[PDB]
Structure formats: C-alpha cells, structure tokens
Amino acid sequence: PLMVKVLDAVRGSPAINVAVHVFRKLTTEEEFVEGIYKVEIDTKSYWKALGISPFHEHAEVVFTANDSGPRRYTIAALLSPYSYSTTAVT
Amino acid sequence: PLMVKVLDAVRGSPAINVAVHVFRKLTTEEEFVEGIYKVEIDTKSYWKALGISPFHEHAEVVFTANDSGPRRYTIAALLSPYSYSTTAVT
Amino acid sequence: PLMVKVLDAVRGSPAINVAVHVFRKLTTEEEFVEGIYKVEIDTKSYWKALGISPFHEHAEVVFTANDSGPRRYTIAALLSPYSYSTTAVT
Amino acid sequence: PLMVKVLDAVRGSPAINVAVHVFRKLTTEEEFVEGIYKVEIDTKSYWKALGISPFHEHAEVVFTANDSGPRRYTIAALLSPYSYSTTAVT
Amino acid sequence: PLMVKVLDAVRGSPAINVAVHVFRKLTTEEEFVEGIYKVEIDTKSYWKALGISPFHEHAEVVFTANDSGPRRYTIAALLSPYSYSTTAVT
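Line by line, the protein sequences are chains A, B, D, C and E. Here the first sequence stands for residues 11 to 35, 58 to 122, numbered as in the entry's author numbering. Here the second sequence stands for residues 11 to 35, 58 to 122, numbered as in the entry's author numbering. Here the third sequence stands for residues 11 to 35, 58 to 122, numbered as in the entry's author numbering. Here the fourth sequence stands for residues 11 to 35, 58 to 122, numbered as in the entry's author numbering. Here the fifth sequence stands for residues 11 to 35, 58 to 122, numbered as in the entry's author numbering.
It is worth saying that the hints were derived from the structure and are not from the lab. One should not assume that every hint holds.
[Said to hold, decoys possible] Computed Cβ-Cβ distance ranges for the label pairs, DEER-style: (1) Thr60(C) <-> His90(A): 30 to 36 Å; (2) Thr96(B) <-> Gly83(D): 20 to 26 Å; (3) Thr59(C) <-> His90(A): 27 to 33 Å; (4) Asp74(D) <-> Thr96(C): 23 to 29 Å; (5) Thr96(C) <-> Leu12(D): 54 to 60 Å; (6) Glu92(A) <-> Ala29(D): 24 to 30 Å; (7) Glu66(D) <-> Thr96(C): 21 to 27 Å; (8) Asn98(E) <-> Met13(D): 56 to 62 Å.
[To be verified] With a straight-line cut-off of 16 Å between C-alpha atoms, the simulated EDC-like cross-links for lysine to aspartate or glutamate are: (9) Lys35(B) <-> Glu92(A); (10) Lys70(E) <-> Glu92(C); (11) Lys76(C) <-> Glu72(B); (12) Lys15(D) <-> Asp18(C); (13) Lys35(A) <-> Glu62(C); (14) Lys76(C) <-> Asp74(E); (15) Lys76(E) <-> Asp99(E); (16) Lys35(A) <-> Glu72(B); (17) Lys76(D) <-> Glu92(D); (18) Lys15(C) <-> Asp74(E); (19) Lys76(B) <-> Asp18(D).
[As the list claims (entries may be wrong)] Covered by chain E, per the in silico footprint, the following chain C stretches (three or more residues, Cβ under 8 Å): (20) 23-32; (21) 83-89; (22) 106-114.
For every residue, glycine included, the Cβ atom is placed at its ideal position computed from N, Cα and C.
Chain A extracted, bound-state conformation:
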C-alpha cells in the first residue's frame, strides 16, 4: 500500500506551491511529465527538426542570425511565494 501526506494540517497563512506526483505500475517520447513549473523567458530556437533529408543535393545555404537590440526584462519574486513582505519594482 502507498500512502502520501503533504501539508495535512495548516493553521496559519502560508504561501505554498505544491506539486505531488504519485506513480504506480526523429523525436520519440513515450511517457513524461515536463514543465510542472517551467518559466521560459527570452527563449529562442532556430531551425529545429528540419525533417528527413533536407538540403539533400547541391545546397547553397547562407544562414545569418543577428540577435541585438535594446531589450529589458525586470522581474521580482520569480517562482518565489512570500507571506509577509513588501515587493516593489521601480
């Protein structure tokens, strides 16, 4: 027998993030649990999974990836629960 208890009794005011997983028993993926708490920020991808036999014969490819530019990302308390606090962004 399997018995799992998480946070059975709570009396205060907690900021909680719970993730309980109980199990009993070109690209291939059969059984999985991805990104239960996943935070992708400014994620880039170029030329993924082109396919079977791309550019097979006499290919003249000019690939240029220019990444630049004034960009700002301001974040406070990412994935960070808080109970009695003061969070400010200026």
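We have chain A already, so just place chains B, D, C and E on it with the hints.
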C-alpha cells in the same frame, strides 16, 4: 491501495497553488502531461518541422533573422502567490 | 482502490488554484493533457509544418524576419493568487 | 508498504515550495520527469535535430551566428521564497 | 517497509524548499529525473544533434560563432530562500 492527501485541513488564509497528479497502470509523443504551470514569455521559433524532404535539390536559401527593437517586460510576483504583502510596479 | 483528497475542509478565505488529475488504466500525438495553466505572452512562430516535400526542386527562397518596434508588457501577479494584499500598477 | 509524510503539521506562515515524487514498480526518451522547477532565461539554440541525412552531397553552407546588443535582465528572489522580508528593485 | 518523514512539525515561519524523491523497484535516455531545481542563465548551444550522416560528401562548411555585445545580468538571492532579511537591488 493508493491514498493521497494534500492540504487536508486549512484554517487560515493561504495563497496556494496545488498540482496533484496520480497515475496507475517526424515527431511522435504518446502519453504526457506538459505545461501544468508553464509561462512562456518572448518565446520565438523559426523554421520548425519543415517536413519530409524540403529543399531537396539545387536549393539556394538566404536565411536572415534580425532580432532587435526597444522592448520592455516588467512583471511582479510571477508564479509567486503571496498572503499578506504589498506588490507595486512603477 | 484509489482515493484522492485535496483541501478537504477550508474555514478561512484562501486564494487557491487547484489542478487534480487522476488517471487509471509529420506530427502525431495520442494521449496528453497540455496547458492546464499555460500563459503564452509575445509568442511567435514562423514557417511551422510546411508540409510534405516543400520547395522540392530549384527553390530560390529569401527569408527575412525583422522583429523590432517599441513594445511594452506590464503585468502584476501573473499566476499569483493573493489573499490580503495591495496590487497596484502605475 | 510505502508511507511518505512532508510538512504534516504547520502552525506559522512559511513560504514553502514542495515537490514530492513517489514512484513504485535521433532522440528517444521513455520515462522521465523534467523541469519540475526549471527557469530558463536567455536560452538560445541553433540548428538542433536537422534530420536524417541533411546536406548530404556537395553542400556549401555559410553559418554565421552574431549575438550582441544592449540587453539587461534584472531579477530579485529567483526561486527564493521569503517570509518576513523587504524585496525591492530599483 | 519504507517510511520517510521530512519537516513533520513546524511552528515558526521558515522559508523552505523541499524535494523528496522516493523510489522502489543518437541519444537514448530511459528513466531519469532532471532539473528538479535547475536555473539556466545565458545558456547557448550551437549545432546539436545534426543527424545521421550530415555533410557526408564534399562538404565546404564555414562556421563562425561571434559572441559579444553589452549584456548585464543582475540577480539577488538566486535559489536562496530567506526568512527575516532585506534584499535590495540598485
């Protein structure tokens, strides 16, 4: 027998995020649970899964990806529950 | 036997997000649960799943992807339940 | 018999992140749990999984990846729950 | 019999990160738990898993990877829960 308990009794005022998963028993994916709590921000993708035999013969491809420009992303308390707090963005 | 209990008794005023999943037993996907809590912001995609045999013979392709421009994204308490707080955006 | 207890009784106000996993029993992945708490920031990828036999014969490829530009990433309390504190970003 | 107890009784307000794992019993990966708490920052990758027989015959490849540019990454309390503190970024 399987028995799972999460937050059986609560008496206060908690900011809670619960994710309980109980299991018993070119691109291929059979069984999965993706992005239960997924936060994609400024996610880019170019040329994904072109197909079977793209640009097979005598291909002249000029690929240019220019990423730039004044861009701002201001976020407070991302995936961050809070109970007794002061969250301000200015 | 399977028995799952989440937040059996609540007496206060909690800001709760619950996601309970109970299971018993070119692109192909058979069984899945995607995006239970998914927040895509400024998500881009170019040239996805062109098909079977695109640009097969004597293809002259000029691909230019210009990303720019003054853009702002202000968010407070993304996926962040709160109980007794002050959330302000200015 | 398997019996797991995490945070059985709580009386105060703690900022908690819980991840309980209980198990009993070109690219291939069968069973896995990835990114329970994964935070990708400014993650880049170029030319991933081109496919079977790309650029097979007489390929003339010019690959240039220019990464540059004024970019700023300001984050406070990443994956850092806090109970009685003052978090400020200026 | 297996019996695991973590933080059975809590009376104060601790900032806790818990990860309890209980087990009983070109690229191939069968069973794994990756990135329970993984924080990738400014992670780059070029030309990963090109495929079976790329550039097989008479390949003329010019690979140039220029990494540069004014970039700043300011982070406080990464993966660092705190209870009674003052975290400030200026």
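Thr96(B) versus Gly83(D) beta-carbon gap, inside 20 to 26 Å or not: holds (23 Å)
Agreement of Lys70(E) and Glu92(C) with the hint, judged by alpha carbon distance not exceeding 16 Å: violated (38 Å)
Holds or violated: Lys35(A) to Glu72(B), with C-alpha atoms at most 16 Å apart: Given that 16 Å is the threshold and the Cα spacing comes to 33 Å, the pair is violated.
Cβ contact check, 8 Å cutoff: the region 83-89 of chain C against chain E, three residues minimum: Holds: 7 residues of the region 83-89 of chain C have a Cβ under 8 Å from chain E.
Satisfaction of hint between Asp18(C) and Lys15(D), Cα-Cα up to 16 Å: holds (15 Å)
Consistency of beta-carbon spacing, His90(A) to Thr60(C), with hint 30 to 36 Å: holds (32 Å)
Outcome of range test on Cβ distance (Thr59(C), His90(A); 27 to 33 Å): holds (28 Å)
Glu92(A) versus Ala29(D) beta-carbon gap, inside 24 to 30 Å or not: violated (50 Å)
Given pair status - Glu92(D), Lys76(D), alpha carbons within 16 Å: violated (24 Å)
Satisfaction of hint between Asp99(E) and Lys76(E), Cα-Cα up to 16 Å: Holds. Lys76(E) to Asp99(E) sits at ~10 Å (cutoff 16 Å).
Agreement of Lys76(C) and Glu72(B) with the hint, judged by alpha carbon distance not exceeding 16 Å: holds (14 Å)
Cβ separation of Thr96(C) and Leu12(D), checked against the hinted range 54 to 60 Å: At roughly 56 Å between Cβ atoms, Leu12(D) and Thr96(C) fall inside 54 to 60 Å, so the hint holds.
Going down the numbered hints, you'll see the structure goes against 6, 7, 9, 10, 16, 17, 18, 19, while the others check out.
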